[PDB]
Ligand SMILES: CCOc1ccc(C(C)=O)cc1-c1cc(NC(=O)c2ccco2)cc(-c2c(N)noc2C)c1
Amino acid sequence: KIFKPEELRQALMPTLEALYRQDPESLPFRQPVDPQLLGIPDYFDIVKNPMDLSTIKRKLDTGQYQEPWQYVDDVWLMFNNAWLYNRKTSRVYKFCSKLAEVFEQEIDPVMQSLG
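Output structure of the single chain, in the form solved without this ligand:
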């Protein structure tokens, strides 16, 4: 099980695409949280390892995932950051849960075909 970077990218991209295509639910995740702009200075005290869809795309595009599970970990990291920081009935949390639902449905067959 060694992965050619461009094949790993071609296999995983559709799952990322499916997250981006969710409108409105992807919109808070399409770019990084900037706590200084938002005036939420407690954010990096709770979210130690920020992640968002733009960063995941960059990493997927520049060979930073050697194995499929590192991509999965980063998608879950984005979700878990939102779920820990935000109120359960908040738009961000509700939106996050939708992306998670989409990801769960998308990722499973893909991971089985990879290994």
Second form
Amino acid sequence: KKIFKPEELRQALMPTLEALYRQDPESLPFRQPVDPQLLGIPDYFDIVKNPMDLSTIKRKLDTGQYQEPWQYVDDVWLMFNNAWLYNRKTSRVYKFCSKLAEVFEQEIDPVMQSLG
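Let's see the other form, the form solved in complex with this ligand, since the form solved without this ligand is already up.
A single chain, with no partners or molecules, comes next.
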């Protein structure tokens, strides 16, 4: 894979991550890792093998852990897929996940087009 400059990835992709943070209350379940003890859901790590959340993605962006932009896009979708997998279709977190995924699709859209 071709490697991008971490500072360049941050400048192109961080605004799309901040667009998710701005969603209130839709982003609230996603701003910190799922704490199954705090939330009363002990089976969470039985079902979600690769947890992901906004804070981890932001950390990976801030410390240059992504070599190329589709790794960022992979983590965002991992975050959303975890939530669609774990939560019931009738629940508020599922709805929030679908709202947030919509905002993301709009934003990531011209950004990846400008990185090619």
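Rigid core here is just the name for the largest C-alpha set that superposes within 1.5 Å across the two forms. Positions refer to the first chain, counted from 1. Residues that one form lacks are left out of the comparison.
K.L.:
With the core superposed, find the residue in 62, 66, 31, 36 that moves its CA 2 Å or more between the two forms.
P.N.:
C-alpha shift of at least 2 Å: 36.
K.L.:
With both forms fitted on the core, how large is the C-alpha shift of residue 89 between the two forms in Å?
P.N.:
Its alpha carbon moves by 1.8 Å.
K.L.:
Pull up the moving segments between the two forms: at least three consecutive residues, every CA shifted by 2 Å or more, rigid core held fixed.
P.N.:
Moving stretch: 36 to 39 alone.
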